[PDB]
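Below are the chains, spelled out letter by letter.
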Amino acid sequence: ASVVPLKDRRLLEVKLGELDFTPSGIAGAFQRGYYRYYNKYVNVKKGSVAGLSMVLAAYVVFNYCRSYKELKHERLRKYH
Amino acid sequence: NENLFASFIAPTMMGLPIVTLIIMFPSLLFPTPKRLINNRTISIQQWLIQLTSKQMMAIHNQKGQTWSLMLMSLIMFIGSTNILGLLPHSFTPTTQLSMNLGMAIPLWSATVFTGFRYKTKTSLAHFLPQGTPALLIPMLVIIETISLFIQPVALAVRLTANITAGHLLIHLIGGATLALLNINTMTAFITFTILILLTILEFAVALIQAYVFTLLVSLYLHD
Amino acid sequence: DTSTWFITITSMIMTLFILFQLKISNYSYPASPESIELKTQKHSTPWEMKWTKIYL
Amino acid sequence: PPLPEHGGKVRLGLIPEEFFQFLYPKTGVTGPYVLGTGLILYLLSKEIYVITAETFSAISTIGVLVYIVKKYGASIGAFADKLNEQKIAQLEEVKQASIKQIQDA
Amino acid sequence: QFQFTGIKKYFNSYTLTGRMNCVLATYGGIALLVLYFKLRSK
Amino acid sequence: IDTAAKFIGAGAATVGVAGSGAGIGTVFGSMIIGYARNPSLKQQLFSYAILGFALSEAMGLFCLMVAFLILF
Amino acid sequence: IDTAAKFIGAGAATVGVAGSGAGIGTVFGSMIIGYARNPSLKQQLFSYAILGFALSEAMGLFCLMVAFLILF
Amino acid sequence: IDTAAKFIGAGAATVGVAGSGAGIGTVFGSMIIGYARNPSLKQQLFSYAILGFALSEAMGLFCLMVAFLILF
Amino acid sequence: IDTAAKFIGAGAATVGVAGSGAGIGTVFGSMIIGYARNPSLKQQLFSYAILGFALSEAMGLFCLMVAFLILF
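Residue numbers (this note's numbering), protein chains in the order written: chain X, 1205 to 1284; chain P, 945 to 1167; chain F, 65 to 120; chain Z, 2 to 106; chain D, -9 to 32; chain L, 2 to 73; chain G, 2 to 73; chain A, 2 to 73; chain U, 2 to 73.
Worth double-checking, as some hints may not be accurate.
To be verified - Straight-line distance between alpha carbons at most 30 Å, and here's what the computed DSBU-like set of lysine-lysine pairs gives: (1) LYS83(Z) <-> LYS103(F); (2) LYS1249(X) <-> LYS1219(X); (3) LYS1007(P) <-> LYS(-1)(D); (4) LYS10(Z) <-> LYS27(Z); (5) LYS83(Z) <-> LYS87(F); (6) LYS87(F) <-> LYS1249(X); (7) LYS101(Z) <-> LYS88(Z); (8) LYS1249(X) <-> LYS10(Z); (9) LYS1065(P) <-> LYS1007(P); (10) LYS1249(X) <-> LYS1276(X); (11) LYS83(Z) <-> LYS71(Z); (12) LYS998(P) <-> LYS978(P); (13) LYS87(F) <-> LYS1007(P); (14) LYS71(Z) <-> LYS1249(X); (15) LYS(-2)(D) <-> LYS998(P); (16) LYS103(F) <-> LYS101(Z); (17) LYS1007(P) <-> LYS32(D); (18) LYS978(P) <-> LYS(-2)(D); (19) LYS101(Z) <-> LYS1244(X); (20) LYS83(Z) <-> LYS96(Z); (21) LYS87(F) <-> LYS106(F); (22) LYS71(Z) <-> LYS101(Z); (23) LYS43(L) <-> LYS1249(X); (24) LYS(-2)(D) <-> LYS1063(P); (25) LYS1007(P) <-> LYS106(F); (26) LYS7(L) <-> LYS88(Z); (27) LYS978(P) <-> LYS83(Z); (28) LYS96(Z) <-> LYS998(P); (29) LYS87(F) <-> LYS(-1)(D); (30) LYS1007(P) <-> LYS1063(P).
Just so you know, the hints here were simulated from the structure itself, not pulled from any lab data.
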């Protein structure tokens, strides 16, 4: 399973931003990564936001799971 | 009696979940390329080192420059692990006081044993400052040695105590927004206080200059 | 909070300083490159005098 | 203070004009949008589950990271500029070594 | 095991003084004991 | 009985920060008169404003460290 | 004993928030001696004061929440 | 009653750092102006501020050591 | 209750060493601003700081020795 998780980061990193393979990241898949937010993080050209801001968005929702048991707070219903 | 603030009483929890994943994670944010031209996201990491490798190099100018290639690894770790934690529900390893007492003492005592393996006399004959007057020899060498052993405690406790102090004002000013179901005008001003305070809490980069540098001065002075 | 007992993190910090000394060790330096800028010239410069003595 | 008041009034008018323009743009695109309304429910169902807490400081640490995307479009120029000297720093050695030798031969 | 010979020239250079975690180790062992001692007397 | 002594020992511990509320007031007032003489702010003059700020807030916040320990 | 303990932890904390008034005496005051040497006014000169004025007040409004943290 | 007077006993002795908490603001606000006038910091003019900081932050944690030794 | 006043008495008596905290932050900062204008330190310039350090220190450790002699 080690060659399974190692081929997740390697494949993802090349595809997400940058690597005949180095200039493939020069156009970048940042145009593919762009459409998720709205438009506004446009500065990803050489300081690439959507390359980095996906890992940090993954590390937040991964740490939302551990905190969920402690801060329950929910009634016998749903919120607004 | 117009604007009544509220408060909420709730325990503020520095729990201890599984740490050895969380330590390794700000290593994989930085890649390293085996190529000549790089790919415009390492290239602004590679430039950022070039700068601050030219300020912990300039002072020393010795054959103690061999030590300085490590000191730029020390600045990227607590430069990152203090900047990751500003996110919504993340966890900083430099919050707990445990590892910082393992970052000070194996580094601080690596300095006093550096001159004692080469100089052996004049490293702690730096306790002799000047052309000795008579009435203040015992008042001096009980002072300048009590301000030596303070230095490992002075180096670690200054880091843990203000990093966590940033996190409580994040919660308490933030938690007073949630419990502000009274008059709704003052809710924005507490929110606007937060988004100023989060700009001040990017002095978590500024507090790593004051950890590598007073390690250099505590290296340059001894050696 | 006031946490306790300390058998944790500190053994997981020195494994990290096998990582950071692996990445940052492979760093191209402009200054280092500059220091390889004059090593090619003056070997060929005296090589011009190597044919000046081989003739004269 | 009077000068500050005038500027604020001017700023307030321009913002309203911009808002009107944005509204017109939103109105035009009414037929052809099939993206957001597929995923606006999971953020409406999970927000009916658990996601409310003392995390209005979640937005303000994400709001400040939007203002740095403004200067990131100037960080690109710096990034582009970075190593231009380095690559040129490499162009000087390939140019000097050939021309200094071929005339000597 | 090639996380060694890339940095093996570095180690025996500076671990002569840098690999003195014995003091750190000694402090850690003592710290664990005092915590246990206070929880023994509760 | 010590419930008040929980409070005032915390309530007296907080006023030791009142030095560093003024100590950074020196180093920012003393920078503008170091700047109006010599307009080279991008040099090391501004870099000695933050290290002077950080070394003063290092002795600033950890006075509130002893405040919470008396509470909690 | 409850309202006795709360209030004298609250008043003795608000001493520290006028402990940063003595800093902005220097921050707003040392603008004077800088402005008279050089009148480059709307430069970073007045704006470095705002980096002094609102950072020294940021230790002033620091402890004021901590006083109201022990009001309740 | 031994415990409660200790709780206020360390609370008064917390504020001994409040002298060093702003005494480190002055000396690092006096090398912003001594480097501005004469740029020769790399000699004595920086090592006289750290030597100013060592012999003034010797007295900040000097008093909190007493506030610990009155607590335990 | 007799030892209860023995502990809170040295609690405020070591606040008098904070006066040698902020009072030493000037006289080590004044050897910064007044060194660059005149490089003659090996003459009585450094010697009038050591007198200025020690005799300012003597009122620091004197208010430490009260806290010992009040307790024992």
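Exercise for the section: Take the C-alpha atoms of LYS(-2)(D) and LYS998(P), compute the straight-line distance between them, and say whether it is at most 30 Å. Expected result: Judged against 30 Å, a Cα distance of about 26 Å means the pair holds.
Handout entry: 30 Å limit on alpha-carbon distance, applied to hinted pair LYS1007(P) and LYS(-1)(D)
Key = holds, 17 Å
Problem - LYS1007(P) paired with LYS1063(P) [C-alpha distance capped at 30 Å] - result: It holds: about 14 Å lies between the C-alpha atoms, which stays within 30 Å.
Exercise for the section: Given the hint that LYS(-2)(D) pairs with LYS1063(P), test it: the Cα-Cα distance must not exceed 30 Å. Expected result: At roughly 26 Å apart (the allowed maximum being 30 Å), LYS1063(P) and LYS(-2)(D) satisfy the hint.
Problem - Given hint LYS(-1)(D) paired with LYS87(F) - CA-CA distance at most 30 Å - result: Holds: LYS87(F) and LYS(-1)(D) sit about 16 Å apart, inside 30 Å.
Exercise for the section: Would you check the hint for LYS87(F) and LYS1249(X), treating anything up to 30 Å between C-alpha atoms as holding? Expected result: holds, 24 Å
Exercise for the section: Compare the distance between the alpha carbons of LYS1065(P) and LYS1007(P) with 30 Å, and conclude whether the hinted pair is satisfied. Expected result: Holds, at roughly 19 Å.
Exercise for the section: Could you grab the alpha-carbon distance between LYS103(F) and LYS101(Z) and see if it respects the 30 Å cut-off? Expected result: With Cα atoms ~14 Å apart, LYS103(F) and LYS101(Z) stay inside 30 Å; holds.
Exercise for the section: Would you mind confirming whether the straight-line C-alpha gap from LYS1007(P) to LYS32(D) stays at or under 30 Å? Expected result: violated, 53 Å
Handout entry: Satisfaction of hint between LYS(-2)(D) and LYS978(P), Cα-Cα up to 30 Å
Key = This hinted pair holds, its Cα atoms lying about 21 Å apart.
Exercise for the section: Compare the distance between the alpha carbons of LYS43(L) and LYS1249(X) with 30 Å, and conclude whether the hinted pair is satisfied. Expected result: With Cα atoms ~27 Å apart, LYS43(L) and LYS1249(X) stay inside 30 Å; holds.
Problem - Distance restraint between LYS101(Z) and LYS88(Z), which requires alpha-carbon spacing of 30 Å or less - result: At roughly 21 Å apart (the allowed maximum being 30 Å), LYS88(Z) and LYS101(Z) satisfy the hint.
Hint violations for this structure: numbers 8, 10, 17, 19, 21, 22 and 26, all remaining hints satisfied.
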